[PDB]
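Presented below, as structure tokens, is a lone chain in the form deposited in one PDB entry.
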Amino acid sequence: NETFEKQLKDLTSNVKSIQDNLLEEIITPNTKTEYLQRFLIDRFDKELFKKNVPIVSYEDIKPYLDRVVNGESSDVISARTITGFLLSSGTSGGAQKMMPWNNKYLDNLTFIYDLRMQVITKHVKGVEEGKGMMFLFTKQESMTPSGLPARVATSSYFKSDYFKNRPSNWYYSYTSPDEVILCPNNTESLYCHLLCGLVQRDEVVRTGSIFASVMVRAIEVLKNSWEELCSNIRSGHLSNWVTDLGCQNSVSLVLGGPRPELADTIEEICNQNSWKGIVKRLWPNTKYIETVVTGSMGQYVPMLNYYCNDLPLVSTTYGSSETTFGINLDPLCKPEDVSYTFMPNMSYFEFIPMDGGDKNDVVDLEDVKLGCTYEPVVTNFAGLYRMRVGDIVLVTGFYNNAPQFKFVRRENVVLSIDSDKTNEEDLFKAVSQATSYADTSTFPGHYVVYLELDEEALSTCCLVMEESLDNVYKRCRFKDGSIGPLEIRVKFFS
């Protein structure tokens, strides 16, 4: 508390000096990299940096990134060794962007985890002796020619000691064994998350996932699997179809032995007329749902409130493959009122105005204007200098001297159900090969493109349209099952 109260007041009061000091911390060891040498940055000088280092897009610097991805020394862009890459949900030329990465990403990520934990406990009581049923997933890595792995942000965390050796307190205590969280087969691991959460239902004081789409999926899978889950509880055995050795061993220990009475109890709850409030009925000690409900995830809020009996939905964190940005300092607000306060120790932040309210070319964090929209620009600890993020944010206020931002949209994105972010360009290519709407009225959600009939021909249209989308889409569609068959309404399905 005392340490935290002071910590937060300082971070948010001293933004100007923290940002300027951070930029010096980044630039000084990097003055001899090929990249900074190119732009004649031979010492820390903020004015020369702003004047001479260009504001770049991913495509602008891809030739440097490709070199590091292929095995060239990371000193071309960063004197802090690059030890891996992050796979962005954002795409470049149909291929997922690969951002450079090192353990500073995890230093900052864990800093934010500890900070948001304190923010939550300040405002929410009755959580410190319980566990969380957190639907957390690991995604198998992709190998690059350099031999370094490329992972999604949270997988870079789970597959590290930052997670394995995390703090032993309520916030880091889950109903699922680590083996379940680490399991790269997410169909198996989601089933196991639910089973373990049910067995330990009285201990659950929070539940959630990174994004709302995954929370909704977990509930939908519960609705479709409860009979089987209860049979495992009754018998004290995990279903044979789960092949992961880690899950088998760890979940067997959670089960312990036959629990016919607990099975009866759960079955009676699931057999009611309606699924309304099911989360709070199965997990009666839950204090809040922890999941992002901003941006494209806002579409899931009505379903969440239905299943959770208006438990608070707490949307804590805004982050990307470039850097974690910051957190929600008013966690108990309504989803539509969520703003994120950037933390000035994360990266050096600049902002390009996206409307007429601010006529500058680019501005520092401390200079953004209320009610104006911007694209964030990031200088980080892994070789990105003044990189455009492609998101649009709106200044809603200032907490002490720290600007607070509403997430508006990812620029150019037209369709999003889960982690997929299909942009106008991808959709143009698809309809060529052949308007739209993201339908989440049913699960899973699915794309809907408005365009007797040759049903073979129009079913092939749906097909070639999907085949032209990106790898994130195809993973959600064919592997996760988080996205259903694309639908063309002239109705035909892929």
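Numbering follows the first chain given and starts at 1. Only the largest set of C-alpha atoms that superpose within 1.5 Å between the two forms is called the rigid core. Compared with the form deposited in another entry:
In the two-body rigid motion between the two forms, the C-alpha atoms of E336 and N423 are best fitted by different superpositions. Superposing C-alpha atoms between the two forms reveals a rigid-body rotation of the smaller part against the larger of 166 degrees.
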Contents of the next structure:
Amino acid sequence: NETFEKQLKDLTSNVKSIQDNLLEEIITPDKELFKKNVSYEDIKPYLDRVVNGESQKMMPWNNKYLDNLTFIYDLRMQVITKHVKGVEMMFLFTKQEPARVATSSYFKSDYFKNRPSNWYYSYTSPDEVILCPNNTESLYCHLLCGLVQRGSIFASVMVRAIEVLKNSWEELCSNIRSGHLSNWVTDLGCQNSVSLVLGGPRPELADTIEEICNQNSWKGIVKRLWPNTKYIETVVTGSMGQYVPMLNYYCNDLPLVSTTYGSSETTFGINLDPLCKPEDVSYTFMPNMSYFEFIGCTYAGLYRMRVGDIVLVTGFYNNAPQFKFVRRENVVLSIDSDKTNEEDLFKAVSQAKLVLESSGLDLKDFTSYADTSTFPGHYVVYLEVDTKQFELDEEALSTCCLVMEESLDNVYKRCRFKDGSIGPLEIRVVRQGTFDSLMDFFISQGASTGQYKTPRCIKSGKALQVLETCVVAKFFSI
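Starting from the form deposited in one PDB entry above, please write out the structure of the form deposited in another entry.
If you are looking for partners or other molecules, they are not here, because only the chain is given.
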């Protein structure tokens, strides 16, 4: 609207002045002297000092979601309201926690309950289902309410949300008839609210659902159940890019839209161009939460903190700069004097999936592990493949083994070829739904549901045998 456009204009130019005002509002409870004056691994001795007892520098936690997330949600609501019409069922999760937790700090906060409710903040899933500590029951509640409906934080969850429906349909069909939530749903909120949603039986929808679901092709399925949905909202940037092409098969190729970029430290900014395809999607940063200041180059509670993620400038309106996410620092694979990171992995798997694509297969998911047990220590990748023992092509993936190697840095290839520090790259083929079972492992181990993204390197190593157990075959380079 006029007000939204006006505000968006007021955010320009935010480069220095407004960011310095926010910096002053921060500091008080000039900027040159601060710059001449002013990581969590570094802050760990300093940050853990305030946790010294339970059952104090600053006041935890008024930061972030209070003054940040609601603003973002509303503004992006108005953005998609501007770029899309007719919009005037999302998957989010909370688990049992006095500590900062995921986006669940928002769901546990009164900014969520006192949230303005119009459309964007209105959902088909009962709010009791959202906060439900049982995410397995609450997911089924989301999918049942959806089955009756007439995106998420991360993309990695979305496919799983598609996965469950693949293994379960008719149970929902019996549930809508019974008017009761499934007997194995133990949550009071889920049970009650969902039973209320079901209410009277609806065989009319049940039969046509049964007719629609049985189709032999999974191509573009999710778009059929709710055609009126214009767009998907999930992060397709970063590692989550891995999940892009799979959706387009499962969907009608409706737009995949990444609205926001933020970390545990704070929320950074939002994407101002919904017209951006997943690869060019760019996050422009907000001045109010801004620190580290600002300006085609490579680059409250926290002052001059180092974020720990890598971004590049995708361009600008010249009023404010735009940024696309590339890689994250923390994840790295190494043997001797060789650092291989997220974007090198993505490079290699991009080189690899083009080989699989020619053989009549594809790649559902991947992750990595380095084996230091035996010399030479070699790079190991775990692949889960889909056809759109049984059907094994020795050549395709043994080609995929090599095609990843020369895609990586010559550093690796120095320790690989000539000097023998590392041996031939190994690919492990895992059976169906292995990565599904693997994410089930993490959640139960104290990992957020539901904040979930698939790690591309495994240090655990308690999760390692889970992939090992499911390996169908192994293939090597050279």
